[PDB]
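S.K.: So you can see what is in the structure, the chains are spelled out below.
Number of protein chains: 4
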Amino acid sequence: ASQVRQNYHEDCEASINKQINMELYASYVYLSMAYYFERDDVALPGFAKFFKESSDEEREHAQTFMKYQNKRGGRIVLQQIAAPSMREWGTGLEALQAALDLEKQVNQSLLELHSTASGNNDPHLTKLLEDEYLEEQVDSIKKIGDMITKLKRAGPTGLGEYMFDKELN
Amino acid sequence: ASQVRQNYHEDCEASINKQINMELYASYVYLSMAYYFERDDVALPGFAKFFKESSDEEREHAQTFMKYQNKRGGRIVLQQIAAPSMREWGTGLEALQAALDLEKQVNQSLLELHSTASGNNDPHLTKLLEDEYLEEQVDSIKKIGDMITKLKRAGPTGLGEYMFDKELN
Amino acid sequence: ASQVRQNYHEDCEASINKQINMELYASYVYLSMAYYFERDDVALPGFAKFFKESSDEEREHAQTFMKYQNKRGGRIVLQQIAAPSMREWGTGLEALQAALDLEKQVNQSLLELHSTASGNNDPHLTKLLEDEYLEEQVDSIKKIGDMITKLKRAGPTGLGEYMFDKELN
Amino acid sequence: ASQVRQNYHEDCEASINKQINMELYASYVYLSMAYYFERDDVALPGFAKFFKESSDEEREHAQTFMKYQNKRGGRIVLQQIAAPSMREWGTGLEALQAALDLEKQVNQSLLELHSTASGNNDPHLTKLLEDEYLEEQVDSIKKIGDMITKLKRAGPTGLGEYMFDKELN
Ligand SMILES: [Fe+3]
Ligand SMILES: [Fe+3]
Ligand SMILES: [Fe+3]
Ligand SMILES: [Fe+3]
Numbered sequence: 002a003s004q005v006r007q008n009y010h011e012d013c014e015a016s017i018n019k020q021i022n023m024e025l026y027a028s029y030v031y032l033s034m035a036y037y038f039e040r041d042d043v044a045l046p047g048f049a050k051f052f053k054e055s056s058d059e060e061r062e063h064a065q066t067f068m069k070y071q072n073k074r075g076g077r078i079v080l081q082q083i084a085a086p087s088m089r090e091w092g093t094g095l096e097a098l099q101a102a103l104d105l106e107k108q109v110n111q112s113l114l115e116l117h118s119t120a121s122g123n124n125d126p127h128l129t130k131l132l133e134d135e136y137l138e139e140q141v142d143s144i145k146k147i148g149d150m151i152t153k154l155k156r157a158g159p160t161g162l163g164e165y166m167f168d169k170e171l172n
Numbered sequence: 002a003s004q005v006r007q008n009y010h011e012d013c014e015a016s017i018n019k020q021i022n023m024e025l026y027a028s029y030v031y032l033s034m035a036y037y038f039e040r041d042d043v044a045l046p047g048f049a050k051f052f053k054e055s056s058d059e060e061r062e063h064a065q066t067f068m069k070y071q072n073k074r075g076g077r078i079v080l081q082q083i084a085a086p087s088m089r090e091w092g093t094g095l096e097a098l099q101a102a103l104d105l106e107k108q109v110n111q112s113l114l115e116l117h118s119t120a121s122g123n124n125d126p127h128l129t130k131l132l133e134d135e136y137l138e139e140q141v142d143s144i145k146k147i148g149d150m151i152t153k154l155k156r157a158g159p160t161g162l163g164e165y166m167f168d169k170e171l172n
Numbered sequence: 002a003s004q005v006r007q008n009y010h011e012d013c014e015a016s017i018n019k020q021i022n023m024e025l026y027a028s029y030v031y032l033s034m035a036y037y038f039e040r041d042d043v044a045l046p047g048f049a050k051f052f053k054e055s056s058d059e060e061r062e063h064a065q066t067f068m069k070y071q072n073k074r075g076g077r078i079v080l081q082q083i084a085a086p087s088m089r090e091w092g093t094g095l096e097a098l099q101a102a103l104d105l106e107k108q109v110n111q112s113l114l115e116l117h118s119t120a121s122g123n124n125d126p127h128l129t130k131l132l133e134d135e136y137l138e139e140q141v142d143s144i145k146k147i148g149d150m151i152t153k154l155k156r157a158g159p160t161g162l163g164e165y166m167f168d169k170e171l172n
Numbered sequence: 002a003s004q005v006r007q008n009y010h011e012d013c014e015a016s017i018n019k020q021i022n023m024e025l026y027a028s029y030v031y032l033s034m035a036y037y038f039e040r041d042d043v044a045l046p047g048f049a050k051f052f053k054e055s056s058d059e060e061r062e063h064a065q066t067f068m069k070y071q072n073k074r075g076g077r078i079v080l081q082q083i084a085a086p087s088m089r090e091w092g093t094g095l096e097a098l099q101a102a103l104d105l106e107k108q109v110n111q112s113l114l115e116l117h118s119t120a121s122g123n124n125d126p127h128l129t130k131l132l133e134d135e136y137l138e139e140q141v142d143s144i145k146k147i148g149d150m151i152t153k154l155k156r157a158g159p160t161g162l163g164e165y166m167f168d169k170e171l172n
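Residue numbers (the entry's author numbering), protein chains in the order written: chain B, 2 to 56, 58 to 99, 101 to 172; chain D, 2 to 56, 58 to 99, 101 to 172; chain D', 2 to 56, 58 to 99, 101 to 172; chain B', 2 to 56, 58 to 99, 101 to 172. A prime marks a further copy of an entry chain.
Rather than coming from a laboratory, the hints here were simulated on the basis of the structure. Hints may be right or wrong, so weigh each one.
Stated by the list, open to error - Mimicking BS3-like on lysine-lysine, the simulated pairs with C-alpha atoms at most 25 Å apart in a straight line are: (1) D':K53 - D:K50; (2) D':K73 - D:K73; (3) B:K146 - D':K146; (4) D:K130 - B':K169; (5) B':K69 - D':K169; (6) B':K69 - D':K153; (7) D':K155 - D:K53; (8) D':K169 - B:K130; (9) D':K145 - D':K155; (10) B':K155 - B':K169; (11) B':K146 - D:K73; (12) D:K53 - D':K145; (13) D:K130 - B':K69; (14) D:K130 - B:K155.
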């Protein structure tokens, strides 16, 4: 064990590692989405910049978990990162319904982790998750939900999608 | 009691108290509409900003009458504020016609209050109403009218509404 | 309907709607007190400014819950806002003890709402309540307490109240 | 008659002259009050500055009436100015109850004049009075009423009056 380790149970150390992987996976789906919308036969630069910033952001989240793992005395164990579930991501609206569901799975994974931290009476870890991750996921979800409604209104394809893309840039 | 009351009749004092309630109700209707247009399944932020400013400006008008009541010597009587007729305000065009409707009611009330003021030979109260309320009300009716015409032209729903929303923002 | 709702239970949604009403009522009580202390026969402008800011900060809290309801997926239900228990709030000290009383009621409500949030394992709702409401409420109770003690020392009426008013300004 | 005179009835010309005198008289009472409070055995510099500014202000009002008399084609007829009703003005509170009543008489005289202007269908003159004089008198009255209440609270004499005077400076 570690010299700084205090009130840090093996269960929570294990879930932070699985969470790290999950965040890297989401970062990777989003990176895949960013350059999909930069294809000449797609050409949605607003959508691309948006999923690029999302990929950055998820990768940021993984690093903060890694830093926390070290801060409490746990040990970072890095696993394989899966291929993006798709190689081609469809229409703008389809890519957004995808990210909505993906941020929801992550939200679900984070809430299960907060439950683990309560159960093990780790107030430091519950505060971490309530302040850096659960706040972030709920805002992210609401933002994409707004976007899905806005994009459906403009017409999810054709001229409306062209205009919506501009406003996302 | 009061030491400033001069040429201030009781049915004008009563009218002002009843007007303060009407203004607070309208403030709460526009507040209601404000947040309706933030629901993730409505997502019309321009409509939301326009109605939040409207809630503000109506609450201001109520405050201004409260200040007036005291300036003249009358006594403020605040009644309960009715719940808005709706929880869901429908489409952007339906909410605009609701506001147009509502502004005209407030205008009619204000014009009755102006009449009562003349009837009792209160030139101060008429001046207050003419400079502070009837001027603003007729302006605000003309604007919501312009808005309704523009929105019907842009196509009341669809891409047009998405575009008309962005100008309101 | 909503596309963002995740881990958002109905009795928390209901509590938030009932809390929004409570906040709007308190906003209207402080509004009432605000203008009471402007009557030409009361003329306590420091007390008036303190209660007008209080009306503002309570209306803000209601708005913040409204924003939260939408962020989580719940649906805002606005009820009628009761008329304040009084039209004349008595002396400066009597109005302060009224506010102290009222703030504690809101605090008790908020603490019940926090309890309901834990009961349903909503760590987001507890975090919202802890950072946004319980923190501000306990601060505001401590301030009105300090105020009440100072005003009783300065002599609750008389010259002391005239002087204590000027500090509040 | 005059080359610019249009829709200006002899009645309204006559009342503007009596009003001019009245304003000069009030200016003169206030000048008398200003230097009363500068006596070594009184020494209330706040009260003095306040009635000095009032004397200025009333004298200003008389001039604006004179200018209006010329603007419409009437002719300024200047009468004797009475001695101030008192040579010694008593306590601070007594001087303020005096000015309150004096501004009320003037308000009464102005309202009678507005009535004359309505009766003669002179919209220019009713607008003049509603915008430069009735607005001014109601504010003045409310201000002095506030002051009478504030001063009674501080204790209308002794230490409280000393402190109130400072705040008026
Ligand atoms: Fe993440
Ligand atoms: Fe209004
Ligand atoms: Fe509150
Ligand atoms: Fe005057």
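S.K.: Now look at each hint and say whether the structure bears it out.
M.R.: Outcome of the hint check:
Using a Cα cut-off of 25 Å, the hinted pair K53 of chain D' and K50 of chain D holds, with the two alpha carbons roughly 24 Å apart. Of the supplied pair hints, the one linking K73 of chain D' and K73 of chain D is violated, its CA atoms being roughly 43 Å apart against a limit of 25 Å. For the proposed pair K146 of chain B and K146 of chain D', the alpha carbon gap of about 37 Å is over 25 Å, so the pair is violated. With a C-alpha separation of about 36 Å, the suggested pairing of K130 of chain D with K169 of chain B' is violated against the 25 Å cut-off.
With a C-alpha separation of about 41 Å, the suggested pairing of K69 of chain B' with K169 of chain D' is violated against the 25 Å cut-off. Only pairs whose Cα atoms come within 25 Å are accepted, and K69 of chain B' paired with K153 of chain D' is rejected, the gap being roughly 54 Å. Restraint check for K155 of chain D' and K53 of chain D: the C-alpha separation of about 41 Å exceeds 25 Å, so the hint is violated. For the proposed pair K169 of chain D' and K130 of chain B, the alpha carbon gap of about 42 Å is over 25 Å, so the pair is violated.
With a C-alpha separation of about 16 Å, the suggested pairing of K145 of chain D' with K155 of chain D' holds against the 25 Å cut-off. A threshold of 25 Å between alpha carbons decides the hint, and for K155 of chain B' with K169 of chain B' the separation of about 15 Å falls inside it, so the pair holds. Note on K146 of chain B' and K73 of chain D: the hinted pairing holds, with a Cα-Cα distance of about 9 Å set against a maximum of 25 Å. For the proposed pair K53 of chain D and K145 of chain D', the alpha carbon gap of about 32 Å is over 25 Å, so the pair is violated.
The hinted pair formed by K130 of chain D and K69 of chain B' meets the criterion: a straight-line CA distance of about 23 Å does not exceed 25 Å. Only pairs whose Cα atoms come within 25 Å are accepted, and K130 of chain D paired with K155 of chain B is rejected, the gap being roughly 50 Å.
When held up to the earlier numbered hints, the structure conflicts with 2, 3, 4, 5, 6, 7, 8, 12 and 14 and fits the remainder.
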